[PDB]
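J.: Single-letter residue listing:
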Amino acid sequence: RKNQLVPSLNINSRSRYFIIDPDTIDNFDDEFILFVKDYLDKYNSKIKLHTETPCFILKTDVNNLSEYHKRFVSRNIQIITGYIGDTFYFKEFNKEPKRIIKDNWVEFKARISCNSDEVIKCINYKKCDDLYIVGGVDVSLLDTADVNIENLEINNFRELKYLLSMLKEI
Amino acid sequence: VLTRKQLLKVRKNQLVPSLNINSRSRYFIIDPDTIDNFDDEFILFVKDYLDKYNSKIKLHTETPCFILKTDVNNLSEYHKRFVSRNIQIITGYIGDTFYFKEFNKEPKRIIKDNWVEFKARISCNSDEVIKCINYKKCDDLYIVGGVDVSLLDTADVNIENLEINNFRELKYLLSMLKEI
Amino acid sequence: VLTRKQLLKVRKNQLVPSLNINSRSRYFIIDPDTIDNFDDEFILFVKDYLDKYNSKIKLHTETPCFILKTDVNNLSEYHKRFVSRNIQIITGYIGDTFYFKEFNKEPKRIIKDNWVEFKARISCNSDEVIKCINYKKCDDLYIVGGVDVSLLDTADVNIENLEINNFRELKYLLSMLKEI
Amino acid sequence: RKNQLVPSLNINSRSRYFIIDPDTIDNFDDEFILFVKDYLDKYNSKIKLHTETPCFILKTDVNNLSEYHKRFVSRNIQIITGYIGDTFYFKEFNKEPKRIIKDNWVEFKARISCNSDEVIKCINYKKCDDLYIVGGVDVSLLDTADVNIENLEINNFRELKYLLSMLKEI
Amino acid sequence: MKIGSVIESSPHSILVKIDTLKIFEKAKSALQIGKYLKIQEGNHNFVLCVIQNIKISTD
Amino acid sequence: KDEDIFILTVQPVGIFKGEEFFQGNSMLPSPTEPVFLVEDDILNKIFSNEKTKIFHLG
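Chains as they are written, first to last, in the numbering used here: chain A, 1 to 170; chain B, 171 to 350; chain C, 351 to 530; chain D, 531 to 700; chain E, 701 to 759; chain F, 760 to 817.
No wet-lab data here; the hints were simulated from the structure.
Incorrect hints may have been included.
[What the hints assert, rightly or not] In silico EDC-like pairs for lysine to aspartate or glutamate, Cα to Cα no more than 20 Å straight-line:
| id | chain 1 | residue 1 | chain 2 | residue 2 |
| --- | --- | --- | --- | --- |
| 1 | A | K37 | A | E159 |
| 2 | C | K521 | B | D310 |
| 3 | C | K455 | D | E648 |
| 4 | A | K168 | F | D800 |
| 5 | A | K37 | A | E169 |
| 6 | A | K46 | A | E118 |
| 7 | B | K289 | B | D218 |
| 8 | A | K42 | A | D130 |
| 9 | E | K722 | A | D130 |
| 10 | D | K639 | D | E582 |
| 11 | A | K161 | A | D23 |
| 12 | B | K228 | C | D401 |
| 13 | D | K628 | C | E467 |
| 14 | B | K307 | C | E529 |
| 15 | A | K48 | F | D800 |
| 16 | A | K2 | A | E159 |
| 17 | D | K625 | C | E467 |
| 18 | D | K628 | F | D763 |
| 19 | B | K250 | A | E118 |
| 20 | B | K179 | C | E529 |
| 21 | C | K397 | B | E232 |
| 22 | C | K458 | D | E626 |
| 23 | C | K430 | D | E648 |
| 24 | C | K406 | B | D283 |
| 25 | F | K776 | A | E169 |
| 26 | E | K722 | E | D759 |
| 27 | A | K102 | B | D283 |
| 28 | D | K567 | D | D556 |
| 29 | C | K455 | D | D633 |
| 30 | C | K397 | B | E330 |
| 31 | B | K278 | A | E96 |
| 32 | D | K578 | F | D763 |
Just chain A, same shape as in the assembly:
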């Protein structure tokens, strides 16, 4: 499937939404943070040219999101979830980061939340340009008027990096 996603992955200003099933990518818990780190240094690294924040949505309960946030904080990566405890806030999730170009500072670089009804409504409110589905997560309840659905079946993150042109060879 590589050299088909390359034309859509060469655009600097493009909104990419990933839907991930944690139980189908092998060691997801111990390699998700590294994958996010090596995605947000190539597809979101330029302050002026990369002006749209990727959004990752995992199929899990709200409790496991805190562990992911804790793992992200230890790696010095700024992400937001929209959940404070067990309550979701629309305004926190649907906000744009503030940029200071002279200091190469961005408030947050990724959006990571759960596959809840409230989050799906937020995704429907602000549509993306490319929607990526990994593990066959339920695409229903999401409007697909203009998004480009790209179904991806993989076994480990090594294939995911190769498909997204992050790895020369697996």
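Fit chains B, C, D, E and F to the supplied structure of chain A, relying on the hints for placement.
T.: Same frame as chain A, but now just chains B, C, D, E and F:
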């Protein structure tokens, strides 16, 4: 009551020389149980405090700190209530754990847009946050209630023990109200 | 109790006219064994003094000089305590030897960054070498104790002998407080 | 060596840290100040082009730095030790000197300290581009990720000046 | 709208200002010397123009 | 006025679409795009890219 308000006025006049400085680090060690209706009035007190001492983006630079004698789960409810009021705070907790890097971060300011990422620091009185306080140290340290201020380095730091029983007296002592 | 402060009001009003000049050189010769809790309130008093008379970068263009009646090793601990509070001072000692060209130095100022190098000259020694630095001479010389000013040049120098017991009295006299 | 040290010594903006072990160089006490003086006048002369402060980490006790500080002050050379009495201050040793370009003023021109654990910990925090080892000193406890360690053996300061391109002849 | 508005109009040259950077990147293939654009002269008419120079700057 | 400016004027000579060098004219790279030094292996894949018809001139 007249004697009490007279004493409160006398102590209030003792804090106005330091409360008029635009840039100053102020820490409040607060015991919730010594203030009536703390749960239903703390957010309003914080909002009113920042409307006077943290309202000017160019002049007011230092971020106030509030340290409560509560549990980590009770702090989450306060953080929930603050964001619904459209006021930004940092707690230093990403869950049940406390992070040093998320509490000592200096806020970033955009003067043209009149924006600062967070306006105040609110956290519990655990031994982890006391280490953070001793790492920077404040110009003025305010204590309300009978909290045990002994783990943090009190040396070379101004200590102002405020004896109050409601938020009206706290606002009067901090020069926010003229009549109680 | 209510008589000493009324008398101190006269001295405070006498001292007010000379303290309102933004650019003025003031030297302090205070005996440590005359003020209660000197070892725990001295640097806080210095910090408070610099927050009113050496705060504005453009206006206040003169550096205070506090001289104590102690020995050289006791000055080292004060210097250690000052740098912990991010207060930059010079003492003229690079050990047990005094250096004239270091104490008699004009601080460098950067307006765009609010930097004045060292904010005070707090050499805590009434040594014969430090007292031989009448090469400059000050507009106002304040004696805050029973020190023996015999090697100093008092000719054409304003002497403002102060008789106090506490640091609060000193702050009241120097227009830093208004209560006691 | 030499004719291979002339690269990375011709660069104005470069950080050089010296780890000097006394008792290996003849007449170290009466010549170290002069060597520093005639090193700074060649490698720390320009006000805008020389933006890196040399560091001279000697191998001695926490004491005996006061004597060197006094001898440097007597020569109108401004240095910072980081020791006030016997207490090391991390903030006072890792401060960037303030300079004004209209004049020729820099707050300090060199850093001189002992071979303590605290200073070596501070050295790793702000690493250098070149490290010069004179004599035999414990290089351990010092990160060498992007540091070009250059081991130098000498007997007197004339050889050091010759090797550092500060002396055409002996 | 689709590309941008005109800033200067002359009988031999028209200056066109691109809206933002993202539209320019999206239409970077079609924005080259020798290609064609259309300007909505009036409510119904269109003026066909050929690109002669392109300048992008962020100084 | 306060800082120093080092400007470089360059002429595009080719485009790399992945690992293939397509000689011709570039497509107007956007501003604030990073600029890197070229490695020797890439250059040797351009001048010395011949198959059984290579003549080493120098």
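J.: All hints, please: hold or fail.
T.: Against the structure, the hints come out as follows:
1. A/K37 - A/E159: holds, 16 Å
2. C/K521 - B/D310: Holds - the C-alpha atoms of B/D310 and C/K521 are around 17 Å apart, at most 20 Å.
3. C/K455 - D/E648: violated, 31 Å
4. A/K168 - F/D800: holds, 17 Å
5. A/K37 - A/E169: holds, 19 Å
6. A/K46 - A/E118: violated, 31 Å
7. B/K289 - B/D218: Measuring from Cα to Cα gives roughly 12 Å; hence the hint holds.
8. A/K42 - A/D130: holds, 17 Å
9. E/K722 - A/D130: Holds - the C-alpha atoms of A/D130 and E/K722 are around 16 Å apart, at most 20 Å.
10. D/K639 - D/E582: With Cα atoms ~9 Å apart, D/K639 and D/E582 stay inside 20 Å; holds.
11. A/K161 - A/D23: holds, 18 Å
12. B/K228 - C/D401: The hint holds at about 19 Å.
13. D/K628 - C/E467: holds, 9 Å
14. B/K307 - C/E529: Violated, at roughly 27 Å.
15. A/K48 - F/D800: Roughly 31 Å separates the two Cα atoms, so the pair is violated.
16. A/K2 - A/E159: With a Cα-Cα distance of about 10 Å, the restraint between A/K2 and A/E159 holds, given a limit of 20 Å.
17. D/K625 - C/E467: It holds: about 13 Å lies between the C-alpha atoms, which stays within 20 Å.
18. D/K628 - F/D763: holds, 18 Å
19. B/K250 - A/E118: holds, 17 Å
20. B/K179 - C/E529: Satisfied, since the Cα-Cα distance of roughly 12 Å is no more than 20 Å.
21. C/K397 - B/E232: Judged against 20 Å, a Cα distance of about 17 Å means the pair holds.
22. C/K458 - D/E626: holds, 16 Å
23. C/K430 - D/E648: The hint holds at about 17 Å.
24. C/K406 - B/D283: Cα-Cα ~27 Å, so violated.
25. F/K776 - A/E169: Roughly 17 Å separates the two Cα atoms, so the pair holds.
26. E/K722 - E/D759: Roughly 18 Å separates the two Cα atoms, so the pair holds.
27. A/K102 - B/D283: holds, 15 Å
28. D/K567 - D/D556: holds, 18 Å
29. C/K455 - D/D633: Answer holds: C/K455 to D/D633 is near 16 Å, not above 20 Å.
30. C/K397 - B/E330: holds, 17 Å
31. B/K278 - A/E96: The hint holds at about 16 Å.
32. D/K578 - F/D763: holds, 10 Å
Hint compliance for this structure: hints 3, 6, 14, 15 and 24 are broken, all remaining hints hold.
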